[PDB]
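A single protein chain has been omitted; all remaining protein chains appear in their positions.
Letters A and B mark the chains in the order given here, with residues in each chain numbered from 1 onward.
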């Protein structure tokens, strides 16, 4: 039901890039066009790690190749930003990408190649949990690899794990349909969204928000667009997030 | 209704040099003020940089040694005795990127800042939690505030952004009523171990683990503080629970 991360994701709001960000109240035109077309908008949680995917029972790390640079052996394109986006198989030196596999000291690889640790929604929809799942369950899906050795573990995760994008659906997130022949009801999307991250129950756990839509489109917003900080100190642990 | 930070704040308990450690003796001035009929309100001490909203601008504090030069616009507000320094405030300088950064960003401003709008952390409607809120800086005019966040003291409070807080906002609950340690009209005080009970509060209370210390705000305008270091406790992000989730 959720979309796959195969190309760069536009921002929910129009944002100038100062080389900081200068966010505005103006929504992405594509989002307006889609909302008016009647697509459903599902806000999901943005987690901080390294983009990956499961592709035929193996993990593939995302790599963006910039103009004129060697395309690695095994790179498969999936979009084009102004660099090329795509995915490839792990190399020998990808120790921490392999570490999310469950261990097997009595194998030639030391790894159970068929099982990876995941953080996902429990049986209820009230809390996350760590679960050793069959890597095949994630075939064809983009995931976020997180843990100690990725981005300084801002989420406080206890072990390298994978999380299928869109897993965490946000509660009480501003309904962006309210900002879109009638005049919009609400008009301060930047403030209202910034307020959700500052003062909601889930915001303080999250790096941002990525909207998944029916048309397969996505629209993201990082804490930096909202003039907010993202770090371990400014983040509450992910495995404590309320769902 | 709370006091203004314009001078150095004395210690609730007489401290001893070793490092300054609090002892089990109340400050003579606090004894005198409590016997003179003064209300004492325990507030939360929070770790940032001392500022104030003078007129409609943020002003940063700057102390000066008497044998030095006064910067333009500097305004003296008090004077330390131990160090002999001059206590005062100042209009922000062009380099104070993170002092300015608590203003709300404004695409319609030639500087990208709404200079009449600041982010502040304050008590919510009910009074059971803190919330971040964009306010008109004029509401803080005339008051001293603690500027906090990522780039101030290494963000021990885990704040998600640079913000201001009015001094005295967080009123403490279950903090020892220091009148039970003062001789009432001539009689033995009711309680004896102010140091132990206050240290026990910081360690085991529900608010202590979130706080750098305590500041007493009295009707006299006087203030008396205690830092965690006076009580032989650590202050750091690892030893602090996030301020935004402090129980009130």
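Convention: a residue touches a chain if its C-beta (ideal position, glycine included) is under 8 Å from a C-beta of that chain, and two chains touch if they have at least 3 such contacts.
Shown as candidates are B:181, B:202 or B:224; the residue that touches the absent chain is B:202. Checked against the hidden chain, the listed residues B:93, B:192 or B:232 yield one contact partner: B:232.
The chain not shown here is touched by just one of A:86, A:147 or A:174, and that residue is A:147. Contact with the omitted chain, checked across B:21, B:41, B:64 or B:131, is made by B:21.
Contact residues of subunit B toward the unshown chain are 16-18, 21, 23, 196, 200, 202-204, 209, 228, 232-234, 236, 238-239, 241.
Touching residues on subunit A toward the chain that is not drawn are 102-103, 105-106, 129-130, 132, 147-148, 152-153, 156-159, 232, 237, 239-240.
By definition in this document, only the chains that are shown with their structure count from here on.
With centres defined as mean CA coordinates, subunit B is found 39 Å away from subunit A.
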